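There is one chain below, alone, in structure tokens, taken in the form solved without the ligand.
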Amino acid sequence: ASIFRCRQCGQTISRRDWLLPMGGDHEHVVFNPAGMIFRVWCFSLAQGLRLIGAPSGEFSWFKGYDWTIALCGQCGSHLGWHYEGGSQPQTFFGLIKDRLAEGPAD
């Protein structure tokens, strides 16, 4: 269990080694304006996504960061968000834990 794939299709997305403890925990639980709860895992790095549109600061869950929707690049499943425009780090990924599958490295 060292890499994370898209649960819906298998696309390679990230690695346990790339988990990032933002504010002391790699895990953050948050809701959007529609009341949906997400268990977000922060990653320094991810791949196999497609970042949609341009960044927005509106309702951002992480102070100083602007967000872009991150879809699985293969199947289009909403996997999380890419954060940018902030400080230490300037950028990171917040990925929705239950949308990934963990397993052995390729």
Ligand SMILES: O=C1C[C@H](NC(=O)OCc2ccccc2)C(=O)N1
The other form holds:
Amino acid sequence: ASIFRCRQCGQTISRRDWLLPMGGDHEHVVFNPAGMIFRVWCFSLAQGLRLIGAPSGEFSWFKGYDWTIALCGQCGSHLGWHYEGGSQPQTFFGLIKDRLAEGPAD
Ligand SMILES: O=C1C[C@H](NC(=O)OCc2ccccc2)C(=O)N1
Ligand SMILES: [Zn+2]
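Structure of the form solved in complex with the ligand, given the form solved without the ligand:
Okay, now the whole complex, with that chain kicking things off.
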């Protein structure tokens, strides 16, 4: 089983087997209105995160879902976002691939 950890501190976050094909693919290369560019990978489940702020629909990369910022719960690195449906209760995470390290369970 392949595991995703926080690249900064090694906190365990998610699993390759939780990748989620939102819109057809887990990977979305996106930018926010301020011009920050991210390679986002969608996961159905994740742990080790602290969510901050209120949910927002602003410029959501996944139509019909609102986002909340997700930090590493250990080190405070910005690891991505939590998404929740605006009209149904599904949830998932969009995590910044380059802020994760993928490797074996060990
Ligand atoms: O789906 C989304 C999430 C994303 N939000 C965003 O970039 O908000 C600003 C921000 C929050 C925290 C760290 C960086 C930028 C956005 O514009 N669309
Ligand atoms: Zn961390």
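Numbering follows the first chain given and starts at 1. C-alpha atoms forming the largest set that superposes within 1.5 Å between two forms make up the rigid core. Only residues modelled in both forms are compared.
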(message) Relative to the superposed rigid core, does residue 89 relocate between the two forms - that is, does its Cα move 2 Å or more?
(response) yes
